[PDB]
Amino acid sequence: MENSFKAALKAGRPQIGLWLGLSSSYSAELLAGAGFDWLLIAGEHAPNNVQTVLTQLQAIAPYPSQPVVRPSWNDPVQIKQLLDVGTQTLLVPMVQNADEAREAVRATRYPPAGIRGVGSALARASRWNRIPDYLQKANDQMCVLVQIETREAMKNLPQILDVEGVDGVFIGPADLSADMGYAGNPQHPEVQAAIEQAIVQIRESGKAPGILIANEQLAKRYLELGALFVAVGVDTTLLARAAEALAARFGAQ
Amino acid sequence: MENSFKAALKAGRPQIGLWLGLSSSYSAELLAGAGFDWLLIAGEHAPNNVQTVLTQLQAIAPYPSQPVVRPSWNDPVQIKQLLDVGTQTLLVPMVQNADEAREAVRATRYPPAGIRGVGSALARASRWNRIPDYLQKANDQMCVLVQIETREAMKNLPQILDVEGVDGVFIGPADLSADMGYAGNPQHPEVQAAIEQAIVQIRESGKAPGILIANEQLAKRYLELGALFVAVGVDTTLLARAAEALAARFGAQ
Amino acid sequence: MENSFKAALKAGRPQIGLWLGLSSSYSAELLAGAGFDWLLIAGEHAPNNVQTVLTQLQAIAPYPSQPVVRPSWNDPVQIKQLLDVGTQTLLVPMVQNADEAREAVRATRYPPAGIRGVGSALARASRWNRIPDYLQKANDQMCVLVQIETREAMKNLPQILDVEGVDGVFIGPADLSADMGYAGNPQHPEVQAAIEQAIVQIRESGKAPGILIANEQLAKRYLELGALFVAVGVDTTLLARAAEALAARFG
Amino acid sequence: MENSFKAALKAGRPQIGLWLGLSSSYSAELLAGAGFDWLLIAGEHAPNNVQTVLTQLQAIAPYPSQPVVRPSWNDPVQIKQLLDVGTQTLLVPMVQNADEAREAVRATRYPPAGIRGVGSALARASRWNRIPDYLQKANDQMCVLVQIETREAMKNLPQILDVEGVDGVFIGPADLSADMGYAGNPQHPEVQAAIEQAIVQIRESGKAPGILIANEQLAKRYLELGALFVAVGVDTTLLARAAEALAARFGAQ
Amino acid sequence: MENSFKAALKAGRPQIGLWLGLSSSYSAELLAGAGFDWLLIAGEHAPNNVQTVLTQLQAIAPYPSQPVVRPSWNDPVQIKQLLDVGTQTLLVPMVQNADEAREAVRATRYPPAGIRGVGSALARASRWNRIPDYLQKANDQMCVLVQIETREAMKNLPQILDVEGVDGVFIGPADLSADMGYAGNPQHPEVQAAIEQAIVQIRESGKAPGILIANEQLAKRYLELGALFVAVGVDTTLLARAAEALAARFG
Amino acid sequence: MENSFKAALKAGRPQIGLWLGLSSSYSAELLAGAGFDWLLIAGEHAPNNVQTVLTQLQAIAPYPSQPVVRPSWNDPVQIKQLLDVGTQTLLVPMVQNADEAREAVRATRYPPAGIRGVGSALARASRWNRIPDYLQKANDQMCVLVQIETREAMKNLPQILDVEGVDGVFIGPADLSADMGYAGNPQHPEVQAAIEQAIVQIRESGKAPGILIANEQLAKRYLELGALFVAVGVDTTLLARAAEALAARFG
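Protein chains in written order, with the authors' numbering: chain B, 1 to 253; chain B', 1 to 253; chain A, 1 to 251; chain B'', 1 to 253; chain A', 1 to 251; chain A'', 1 to 251. A prime marks a further copy of an entry chain.
Keep in mind the hints are simulated off the structure, nothing from the lab. Be a bit skeptical, because a hint or two may be false.
[To be verified] The calculated SDA-like cross-link candidates involving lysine to any residue, where the alpha carbons are at most 25 angstroms apart (straight line), are:
| hint | chain 1 | residue 1 | chain 2 | residue 2 |
| --- | --- | --- | --- | --- |
| 1 | A' | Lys-137 | A | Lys-220 |
| 2 | A | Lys-220 | A' | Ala-121 |
| 3 | A | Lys-137 | A'' | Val-191 |
| 4 | B | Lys-80 | B'' | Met-154 |
| 5 | A'' | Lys-80 | A | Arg-241 |
| 6 | A' | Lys-220 | B | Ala-242 |
| 7 | B' | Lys-137 | B | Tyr-182 |
| 8 | A | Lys-137 | A'' | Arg-241 |
| 9 | A | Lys-220 | B' | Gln-253 |
| 10 | B' | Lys-10 | B' | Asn-156 |
| 11 | B | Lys-80 | B'' | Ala-113 |
| 12 | B' | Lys-80 | B | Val-77 |
| 13 | B'' | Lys-155 | B | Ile-115 |
| 14 | B'' | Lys-137 | B' | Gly-181 |
| 15 | A | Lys-220 | B' | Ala-242 |
| 16 | A' | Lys-137 | A | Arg-241 |
| 17 | B' | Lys-80 | B'' | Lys-137 |
| 18 | B' | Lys-155 | B'' | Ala-113 |
| 19 | B'' | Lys-220 | A'' | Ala-247 |
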């Protein structure tokens, strides 16, 4: 039950990932075997809620790729249910300040370190009580990644970085540039500068920087700056671009 | 990607609608072809969440009837996901004051006009980036309808009507009469008076009034007073009343 | 675990029904409380297969309306699964001759009366072995209705009527009229005559005639001639026509 | 539409229950016939949300066992939708103080006694308006059970017990012992003492105590102390323990 | 309710397509807007059966791309349900001889041209009776494509080509090459020769040749020889290969 | 992609199993970690068809327990789809004679050994072509178990045992005892004798005998006689009986 993604970050080994906007456990498995270090379960139209995350985690389980799940916000209930279904690494959206970061962390840890409920029923997280000493071991294997999406969050980064249990800080270029006044234009120099310096700052604090970047050369640049969890594509972009390129090779006839 | 429902309201053409309490994309399509101007996706037992709204929007898409979606409350996350799946007209429940109305509006608009996230993945809203200049065009095509359900909301109507981006104000007779002390008795004169004068007041402010009314003559009355989005029935009422009337024609034998 | 629909037919009490083309257990429950004697689970776009039938049966269970299920054909494996999930009355499509009617009957009965498998797991049908003596009681509570849809089936009707275990014979006017040369027009006198003569003949043999008919006058006509399970409308027709009429009043 | 579970509690007849962590309406029905007085719909990975609760309520309806539903928190929207789908007894999690208890109660009652919305569409709760005078009868048949899971909640118990409409108070041993500093060790004397005295205190206030306890002798002890809704097992524990015991009788061969 | 795919084939306009192995209506819509003339609904793990086909058809409806559905075999009941949910072009698997091709055609046509049942309930196919004269117009808008997958089917090709109502003949290179002794290697000259000769022969008879081929050069070769419905890739191959190439660039 | 269940049978190592009547991938995973050598995916009310099998296989994949899937009958199309989604061991129902056993075997093997279609799309079975030489390795890792359920099948057992590719013969006591005249009572000496003689005979031919038996003593008896895949309980029986016993202790 050791979290290998968390251990890799801690050891400074960079992890290359793919963002999943589809909810299918079939495509999840198809992608789990494609050679990524991690996959981000982030679908915005999931049909079966936590059960959708269950089947994606089951699909991914036997593969080397590690799952990370993005709840739709920093929601203590959502977090509790994702941890019970067996999620060990979370990407928590819209973390704006250190208080919010500390709340995300506390939601993942049993008392006294946090407020995670032991609950009434057996859960997949403990493999139905088959993992020996699960209660004692669980806290140390939770990996909390916080997403910074605004000027305000960027402003508060040194304090967020000071929060114990924040293992990583993920920057979403699209949302940040929108908030900076360049929506759709993350490549604008002021935006790239802010991202580069955040990535360096996170790394210098002994925490893992993450980012999503579909431009392959930019991704490489972030990796050199020390980004340790880098999503380099999104499943639905891969599919849409491949399909469009294929149809264009023939034109509509 | 022009919102024809929003344009019709703006132009003062009244829109006749049906409330959908069933979640089926099959019944949605069956109803989409029945000749209504708009359909309200408002099911309270939807199985597949945003994915349920996806399949209803897909069912309705080729028909003249326009979809409006009612999130279960004024929930920034819910709103973001409904807009990403392609919803352009929202009916936001339990708007009690102008602050809440302004928050609903801001949730639907990209920065700087609002807080809508550009997000990380392609979305159905932009048809996966196939709508040219989607980011630049989206804000103007969002249509926000706010639902007033209480004495407090009715009290605050002049201020709600003053909120930029509130395109329409919908009155729910059942809930309002309950709050006024006549639960189940919306036909009580004091209640009808409050509704009539709200409808006139909304219209006089240059905004669209909406209401749900299953009594055909009352519906016509509201339309004369200037109501511009009037739901005249509910799918599950149509079905239950038709079935009961049919069985009664034969009696149990 | 008495099959009350089956007993009503046997007693000559007519049963007024509604055909369900939607698969939803929510609409099934909404309709189960509307006053019909029976509901026909016949959806052609069901999402969950036997599981969808399970939730419709569960929805209907506490109401007076009795369920009847139409498998998509006379498929012994489909019939086995529907019986295991708890179906006791089947409307079996496209029964063309006495051999096919006998196969449908044998599919519903445990040996030696039929080929129904006792199976390996507990099943909802026996309420997980909570119905005492289920294996011994089950056969007599199965109710098999065969659907006649072609001129060929009409020709073989006398033989079908001689099949023991056939409790009912259901006539589908639209398909029959198409087979007869009047697709879309069951109102033709030749179609009506075949239908009405069949009803008389079925009842004469001591079996239940059934039919789907959305025209109230024709429905009362068939009832007068002795029909015992008459489906008088379809859920999706009710909804579509009510919606269309409503929108029209504001147009 | 009389709530027989609520009436049994009121009359002091103890109700023996099973906690359902599976969401299947098939297993729900299989368990509904097993001889329990009540079943707790509490699955943490439900696929179809309110629709999942619909099919479980439909499965259970013809059986003597009575359904109770645990929303994932004291969420006015969640509560409204569960009541509309026909839930009459709720177990509300994480009630910490009397204000929260009063809010849970008010969420279940139509105005003026509460804030429950009459709503726009017919609902399963009224059996689509077929229950005569439903609006007038509904409030009295709602049964609110509040879950106390912390030292803070235990501290506030006398005030929670003073709230009109709180019919019962449920103690979750696992969560309480975790909060007391004995996570995984509810059998610790100080914890058992706190639970025993809460059970007596609830009962002495004329309200129903509830608890979940899988140890059969401990369960009997709580029943003697006056606990009136006692869940004595969890479906997924029954299955996991039975399967493990069976495989062990043969060993892997 | 004109079948535009069918008219294009008839007019000799080639149609470039994509094969869908995923069942999602979200990915179906994402692909429907990518520029193909047609999409083949062929998923082998569909969750909701006919209902899954319903949501894919609904997703695709407003786009220029035309849907074609592949039932899992030449199953009259499966074909009836797909037609009722609104399918107008079918790719029918494992058609081995002219008798099987005729059965597939008759399954799609109302009497007296075929055995398609008019049915009891309204269906999406007629848009719930909103398409005027649907019963009279439907037969001529059905488009039947038969899939040839074996040496036996190739031997009977001349006869299959004589079946009225067969609008198209689809060659599946992987299965044919396996039947011929080269499983996994359609590139063998003997396989290519059989494929190319068949294409010429099909077009010669005034029917549309079709084929799935992910190799662009071969695809252009078949088009040059007169193929009219060419599926040039599969959704799951596109995704798997793009994902794998992407991960590799960072390895 | 070694089939480890198949190798265990071949090596004469007995495999203790559990029959799954529930379809849930959550309960499938909960049971996959309970200690069984194999689990039988046999649900009769599955909601998602092949997709439901996909999520159960995915749930089970990382555990030591090996999955075996029971198609609802000896249906080549059903077998094709289950193999494509990744099933390597099939329990094929109602195999009555050697011809039917051979058909089941040929359905699982690529030409020229069988009729399994290579197909058009990538499939989970080959892990989307990530298993090297999958087409060449697949046939030898398929494991076909035939279910004998009638006196007729018992009569033909010697011939069935001569079919190459039949790795195992599974006896279903409830169905056999019903066919023999003792429905509900497999305990009868005549039934037990037929079962035990069959087990000896199967093992003698160098094939694996299998059986479902919830009685521990009988299970050990069959194991002693040489049975190699013994399912010793059903998930829904375990749950129902545990729940009932629990409620009873408080009654």
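Status of each hint after checking the structure:
1. A':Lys-137 x A:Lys-220: 33 angstroms, violated
2. A:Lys-220 x A':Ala-121: It holds: about 20 angstroms lies between the C-alpha atoms, which stays within 25 angstroms.
3. A:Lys-137 x A'':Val-191: 23 angstroms, holds
4. B:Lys-80 x B'':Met-154: 22 angstroms, holds
5. A'':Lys-80 x A:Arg-241: 43 angstroms, violated
6. A':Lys-220 x B:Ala-242: 19 angstroms, holds
7. B':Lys-137 x B:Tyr-182: 15 angstroms, holds
8. A:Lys-137 x A'':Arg-241: 23 angstroms, holds
9. A:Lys-220 x B':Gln-253: 12 angstroms, holds
10. B':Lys-10 x B':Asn-156: Holds: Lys-10 (chain B') and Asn-156 (chain B') sit about 23 angstroms apart, inside 25 angstroms.
11. B:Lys-80 x B'':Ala-113: Not OK: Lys-80 (chain B) and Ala-113 (chain B'') at ~33 angstroms, beyond 25 angstroms, violated.
12. B':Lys-80 x B:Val-77: 19 angstroms, holds
13. B'':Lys-155 x B:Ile-115: This hinted pair holds, its Cα atoms lying about 18 angstroms apart.
14. B'':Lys-137 x B':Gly-181: 16 angstroms, holds
15. A:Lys-220 x B':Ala-242: With Cα atoms ~19 angstroms apart, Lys-220 (chain A) and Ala-242 (chain B') stay inside 25 angstroms; holds.
16. A':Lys-137 x A:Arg-241: Within the cut-off at roughly 23 angstroms; holds.
17. B':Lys-80 x B'':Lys-137: 39 angstroms, violated
18. B':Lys-155 x B'':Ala-113: Holds - the C-alpha atoms of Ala-113 (chain B'') and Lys-155 (chain B') are around 21 angstroms apart, at most 25 angstroms.
19. B'':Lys-220 x A'':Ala-247: 13 angstroms, holds
When the structure is compared with the earlier hints, violations turn up for hints 1, 5, 11, 17 and for no others.
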